[PDB]
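Assemble chains B, C and D with the ligands onto chain A, guided by the hints.
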Amino acid sequence: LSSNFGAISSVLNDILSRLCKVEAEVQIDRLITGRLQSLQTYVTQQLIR
Amino acid sequence: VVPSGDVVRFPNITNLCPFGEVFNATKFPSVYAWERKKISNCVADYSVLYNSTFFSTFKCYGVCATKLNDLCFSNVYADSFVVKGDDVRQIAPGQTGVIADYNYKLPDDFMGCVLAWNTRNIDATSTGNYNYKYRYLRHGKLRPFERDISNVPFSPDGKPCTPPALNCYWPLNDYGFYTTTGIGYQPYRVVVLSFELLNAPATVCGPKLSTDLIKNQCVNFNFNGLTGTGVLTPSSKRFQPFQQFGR
Amino acid sequence: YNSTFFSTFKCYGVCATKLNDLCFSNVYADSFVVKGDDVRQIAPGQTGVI
Amino acid sequence: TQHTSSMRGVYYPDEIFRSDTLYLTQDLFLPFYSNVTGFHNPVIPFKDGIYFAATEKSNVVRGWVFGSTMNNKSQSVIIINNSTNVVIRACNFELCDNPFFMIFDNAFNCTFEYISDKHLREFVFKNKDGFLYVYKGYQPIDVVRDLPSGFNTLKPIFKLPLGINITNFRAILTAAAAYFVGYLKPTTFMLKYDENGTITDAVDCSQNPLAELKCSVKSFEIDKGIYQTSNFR
Ligand SMILES: C=CC1=C(C)/C(=C/c2[nH]c(/C=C3N=C(/C=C4\NC(=O)C(C)=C4C=C)C(C)=C\3CCC(=O)O)c(CCC(=O)O)c2C)NC1=O
Ligand SMILES: *[C@@H]1O[C@H](CO)[C@@H](O[C@@H]2O[C@H](CO)[C@@H](O)[C@H](O)[C@H]2NC(C)=O)[C@H](O)[C@H]1NC(C)=O
Ligand SMILES: CCCCC/C=C/C/C=C/CCCCCCCC(=O)O
Ligand SMILES: CCCCC/C=C/C/C=C/CCCCCCCC(=O)O
Ligand SMILES: *[C@@H]1O[C@H](CO)[C@@H](O)[C@H](O)[C@H]1NC(C)=O
Ligand SMILES: *[C@@H]1O[C@H](CO)[C@@H](O)[C@H](O)[C@H]1NC(C)=O
Ligand SMILES: *[C@@H]1O[C@H](CO)[C@@H](O)[C@H](O)[C@H]1NC(C)=O
Ligand SMILES: *[C@@H]1O[C@H](CO)[C@@H](O)[C@H](O)[C@H]1NC(C)=O
Ligand SMILES: *[C@@H]1O[C@H](CO)[C@@H](O)[C@H](O)[C@H]1NC(C)=O
Ligand SMILES: *[C@@H]1O[C@H](CO)[C@@H](O)[C@H](O)[C@H]1NC(C)=O
Ligand SMILES: *[C@@H]1O[C@H](CO)[C@@H](O)[C@H](O)[C@H]1NC(C)=O
Numbered sequence: 948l949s950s951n952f953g954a955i956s957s958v959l960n961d962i963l964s965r966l967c968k969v970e971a972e973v974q975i976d977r978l979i980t981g982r983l984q985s986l987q988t989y990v991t992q993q994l995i996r
Numbered sequence: 307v308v309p310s311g312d313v314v315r316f317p318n319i320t321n322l323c324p325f326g327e328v329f330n331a332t333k334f335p336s337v338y339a340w341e342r343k344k345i346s347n348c349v350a351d352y353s354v355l356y357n358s359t360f361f362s363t364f365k366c367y368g369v370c371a372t373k374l375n376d377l378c379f380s381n382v383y384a385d386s387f388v389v390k391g392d393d394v395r396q397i398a399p400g401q402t403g404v405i406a407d408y409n410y411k412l413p414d415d416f417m418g419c420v421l422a423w424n425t426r427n428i429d430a431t432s433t434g435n436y437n438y439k440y441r442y443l444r445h446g447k448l449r450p451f452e453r454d455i456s457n458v459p460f461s462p463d464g465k466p467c468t469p470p471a472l473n474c475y476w477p478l479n480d481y482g483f484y485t486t487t488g489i490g491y492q493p494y495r496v497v498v499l500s501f502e503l504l505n506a507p508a509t510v511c512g513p514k515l516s517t518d519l520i521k522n523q524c525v526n527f528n529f530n531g532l533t534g535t536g537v538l539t540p541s542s543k544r545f546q547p548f549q550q551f552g553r
Numbered sequence: 356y357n358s359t360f361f362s363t364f365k366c367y368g369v370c371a372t373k374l375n376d377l378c379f380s381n382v383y384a385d386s387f388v389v390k391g392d393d394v395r396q397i398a399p400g401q402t403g404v405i
Numbered sequence: 031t032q033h034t035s036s037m038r039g040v041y042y043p044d045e046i047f048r049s050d051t052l053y054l055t056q057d058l059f060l061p062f063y064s065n066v067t068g069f070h078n079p080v081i082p083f084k085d086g087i088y089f090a091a092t093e094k095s096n097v098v099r100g101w102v103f104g105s106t107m108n109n110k111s112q113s114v115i116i117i118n119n120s121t122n123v124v125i126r127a128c129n130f131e132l133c134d135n136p137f138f151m152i153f154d155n156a157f158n159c160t161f162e163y164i165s166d180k181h182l183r184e185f186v187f188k189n190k191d192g193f194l195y196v197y198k199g200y201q202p203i204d205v206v207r208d209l210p211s212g213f214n215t216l217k218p219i220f221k222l223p224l225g226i227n228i229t230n231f232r233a234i235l236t237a249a250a251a252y253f254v255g256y257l258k259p260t261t262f263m264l265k266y267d268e269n270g271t272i273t274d275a276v277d278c279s280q281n282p283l284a285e286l287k288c289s290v291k292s293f294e295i296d297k298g299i300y301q302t303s304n305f306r
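Chains as they are written, first to last, in the entry's author numbering: chain A, 948 to 996; chain B, 307 to 553; chain C, 356 to 405; chain D, 31 to 70, 78 to 138, 151 to 166, 180 to 237, 249 to 306.
Take the hints with a grain of salt, since some may be wrong.
[What the hints assert, rightly or not] Residues from chain D that keep clear of chain B, each with C-beta distances beyond 12 Å, as calculated:
#1 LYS94
#2 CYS159
#3 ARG183
#4 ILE226
#5 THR273
[Stated by the list, open to error] One-sided and incomplete, this derived list gives chain B residues near chain D with beta-carbon spacing under 10 Å:
#6 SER336
#7 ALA339
#8 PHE551
Note that these hints are calculated values from the structure, not bench results. Beta carbons: idealized from backbone N, C-alpha and C, even for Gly.
With the rest of the complex left out, here is chain A:
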């Protein structure tokens, strides 16, 4: 959860404190995609085990 995935920061509340909506959604979507694919990796490994 501490990876920023190419965004400006890994903390979700610091991107919303110094950015505007159009420019904040672009940064938030990278974190959303990274965490979604991390959780997908976890569930696939669990299925095989």
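Just chains B, C and D with the ligands, lined up with the frame of chain A:
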């Protein structure tokens, strides 16, 4: 559950930032010898500038302009100089030109704001104001936030020379400022504000009102611009001195 | 740097600071004259008379 | 003569209060078991930042001068400590041939002023982005004629907002003690942070294959067997 509450905590700072001292000075330096001043321990209201000073250029990198009132900055430096009208577009990251190469360079990862305004009534005379200079010859470019105020004679060979010679030039040129020229040949005063966010205790901050603490309830807190949502409990953890928050 | 000063200078596809270590292949120069308010129409994705 | 800097010159490259953690980075650091040059005054070059160590008892060394050409044609910064106070001054000094503990003839055209109110001193000087970072640490050494083995972290004392090149520097002596200089190189280190926010252990990933294995596994304890490592060589 949906949160019902709000907590705002800010440092106890009452002074106003020296807007008049920085923006309204007697005279500004040249661009090749730009001046840096540290700013601390004040409140950046900037609402007093609405009836006095009007900026042709105001652009902010790394933050939003509408978020500057609820935010709380850590270390602020102000860089002041004077350029002409057509050089104001060179005060930006990733730019080239005489000013961006030999006089003033910005980092690519720049957080701050650039604000410039026109001053023809005070910095321009009828006979000519040949007081502001800029460097147009130099062996190589400049690193960011560095200056070179030397005035040695220049020669393309790379060796010292006495400037009554043939291939020797004085590296500085004078801005010729009149009151009867175009808009691209009029004096402009530029101030670059450089700040960093969320490292240290914040000393210059914003004009927001504080609020009493609420304990043991899911409320939206705001500690020096660090917004969030959670429940607040007393602590027994010990911190290093001058360290604000931990993760 | 001591003769010509450009009101407008903007580069697409490259960075302006990378133009000294770069080596180009086929260069064409297109020259014309417009008025002051048409200079913003010389850009991709623009509309207007020009 | 030449000595060896054994596990010396580790500083804080950042500022966040951090509990129990390990962090891998590449940065300008001092390589482990690398050469240092000892002096028991030449114009020593300042390439990318330096580590300066002073073994002294009577405090015969007094600050430094950093500059480009050591003339009055360029800015130079002087950081000295006289009997009462420590002063930092960035001006166009007439740099004399041999300074004493009066260093400059005149001073003109200048901006930055700052006045502030056997044993070993260690300093790290790093000039970047128009700022000069100075880190300092202290050591209660016994009698020796070499830089001792050990590991001590360096506290960041102060950064100066002065925008000049620094290609040369020169120490300033009073006219028993020795000083050693080492150069910083871009290397890969891994650091461990304890439960108080301090650095307690570090390793250089380019020194030994065992250290490269530690950097690849990202731990200090490894078990019996065979592993595959990355390229930190
Ligand atoms: C000019 C650079 C320089 C810097 C940046 C510096 C930092 C520095 N050294 C200190 C201790 C101190 N440091 C010194 C002396 C020295 N320290 C040296 O690096 C050298 C070469 C001498 C020799 C003159 C002294 C006399 C004290 C006061 C405590 C003591 O007696 O050691 C202190 C006060 C620490 C405290 O009171 O808690 C600071 C801020 N000292 C310096 O001299
Ligand atoms: C800081 O000073 C050094 C030395 O004065 C500068 O290095 C010179 O760079 C030019 C550029 O081509 C060379 O022709 C000189 O030979 C260099 N000098 C030496 C002694 O090697 C350096 O450029 C200065 N810093 C900046 C940012 O300009
Ligand atoms: C006409 C020959 C064309 C050669 C091919 C072009 C290569 C790239 C160079 C373009 C010239 C840019 C000049 C503007 C920058 C300096 C002027 C300034 O901003 O101060
Ligand atoms: C007033 C009626 C509004 C109708 C709804 C709008 C539709 C989109 C059209 C907008 C008009 C753009 C005019 C500017 C472009 C031509 C002028 C120029 O650049 O040379
Ligand atoms: C703003 O400036 C004008 C300039 O004349 C002045 O008259 C006015 O009083 C100022 N506003 C306030 C609130 O002082
Ligand atoms: C640049 O142009 C000015 C215009 O007068 C000229 O005087 C100067 O010599 C030129 N620079 C060089 C290096 O020739
Ligand atoms: C310093 O490095 C050289 C290699 O350039 C090496 O030969 C020498 O032994 C080193 N010095 C010491 C004291 O080991
Ligand atoms: C700089 O030093 C030279 C001698 O090296 C001297 O002649 C000159 O006057 C000095 N400059 C100033 C401004 O004093
Ligand atoms: C040390 O130098 C500063 C620099 O001007 C001076 O103000 C101070 O009096 C000096 N102290 C002593 C003891 O010489
Ligand atoms: C430097 O000093 C000279 C005289 O010694 C003066 O003419 C010049 O304006 C000064 N420049 C700056 C940037 O102070
Ligand atoms: C460091 O942290 C531990 C555990 O939180 C604590 O017991 C100790 O007092 C702290 N300080 C020091 C100096 O060890």
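Tell me, in ascending order, the numbers of any earlier hints that this structure violates. 2, 4, 6
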